[PDB]
Amino acid sequence: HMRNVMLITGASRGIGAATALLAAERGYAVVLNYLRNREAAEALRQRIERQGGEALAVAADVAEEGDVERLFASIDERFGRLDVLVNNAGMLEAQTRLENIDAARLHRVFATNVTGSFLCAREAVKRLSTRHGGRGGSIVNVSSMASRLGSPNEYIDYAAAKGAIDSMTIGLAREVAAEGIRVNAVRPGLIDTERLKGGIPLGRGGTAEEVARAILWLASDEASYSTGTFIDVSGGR
Amino acid sequence: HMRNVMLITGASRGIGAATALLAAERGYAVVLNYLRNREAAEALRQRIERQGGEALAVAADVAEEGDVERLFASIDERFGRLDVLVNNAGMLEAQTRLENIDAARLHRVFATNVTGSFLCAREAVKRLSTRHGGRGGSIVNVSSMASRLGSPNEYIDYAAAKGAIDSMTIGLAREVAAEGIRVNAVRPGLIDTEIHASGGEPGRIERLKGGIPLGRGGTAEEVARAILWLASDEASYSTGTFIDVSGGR
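These protein sequences, in sequence, are chains B and A. Here the first sequence stands for residues 0 to 192, 205 to 248, where the numbers follow the entry's author numbering. The entry's author numbering numbers the first residue of the second sequence as 0 and each following residue consecutively.
Any given hint could turn out to be false.
What the hints assert, rightly or not - Now the stretches of chain B that chain A is said to cover, found in silico as 3 or more residues with beta-carbon under 8 Å:
no.	segment
1	21-31
2	100-107
3	111-119
4	139-152
5	156-162
6	172-180
7	207-221
For the record, the hints were derived by calculation from the structure and aren't laboratory data. A virtual CB, placed ideally from N, CA and C, is assigned to each residue, including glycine.
The following block holds chain B by itself, in its conformation from the complex:
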């Protein structure tokens, strides 16, 4: 009778929104965290509700520790529990070479992509861990094939942020395995939203729904013996 509760950061559009809708379709109560696009997040909440589900939309900048504390407090108040965190909030800036990346850009890119994922994972561990009275659960980080390919001539800063996420995925998986938390990641490639497709063996961009399906599998009981692992959703890139 009791729905499991999933928090999706950056849930208003793209992979985050597709993951929210897929999770609700599969029975989860969903927390849609957004930063700016309140309209899009509220419409997704209304949609999930119309179809008989439970959804909570919460504005919060995951780069800010106080915002993260309030985001999770809002989940505590509405549902009294948490089961899955999807660290999807990401930030991509303009195409650039590294010699033109300044400190302000590095601060912004690491704050949202990396610090945000750490701070949300931290609050999730405090709630999911059997050592804090939780019943376990899972965290799925949304990384990128950029961590492996390096995004040369585009955004090495973003590639580095996602390399940090991959290392955090491995380390956190090992650290909290014994308290009932699995930690995994998906690595999307080019998500469809001629030269670029040619570097994709399957010959097309991926869809947000394809990434969502991988995220949901890793959060599911089907993946009960997978932690510290990666599903690449990249068409062979």
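Given chain B, work out where chain A should sit, using these hints.
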């Protein structure tokens, strides 16, 4: 009269000091960048100068853009050229689980380990690149086996920082290969000089030494030799690669 010029960040002790000393012994002019340990950096500069070498010591915080720009301006005026950057400046905080890592710690750990390496790499590209009147050169990032192992129950924030370095190594290698700049990394494991004992934790320290196939910690000199090889002409077809200096860990 025209030595190749190597900038080493975090050069006052440990891996950075060993790398500066070895580079100077092999004929480089060296720039010893350091944060706060002036006595150690000055003693190193004097040692190199006594042996007939060329060394410039510069206090600068690589996390701070204004300091980085001044640091490279000082190289420009003293040597008028740059050939190798060793991104060694690193930062480790106390043992922790992730649930107790707060934003202020993450900011500090990424500022010194990641932002500093980006900002120095950026200034190095501006000088080494054949597109900007350089003759090429090398960047060697000092990463860690933590990037691969994750540092669970120790410092996942540091492991993440070093995973960021590994990805930057790959991406920058691909980006600036056509400008004459090779970019590689070393991944030290447990290095004797780099363990800062806090008192009362022999069990923790012993656990840290455990499960190393070669059965011992490494030396700063072992790391320096790998750095210098990657910066040398012997490595002329290697870019975007990694030498693990970890005893098999």
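Here is how each hint holds up against the structure:
{"no.": "1", "hint": "21-31", "in the structure": "violated (count 0)"}
{"no.": "2", "hint": "100-107", "in the structure": "holds (count 5)"}
{"no.": "3", "hint": "111-119", "in the structure": "holds (count 4)"}
{"no.": "4", "hint": "139-152", "in the structure": "holds (count 8)"}
{"no.": "5", "hint": "156-162", "in the structure": "holds (count 6)"}
{"no.": "6", "hint": "172-180", "in the structure": "holds (count 4)"}
{"no.": "7", "hint": "207-221", "in the structure": "violated (count 0)"}
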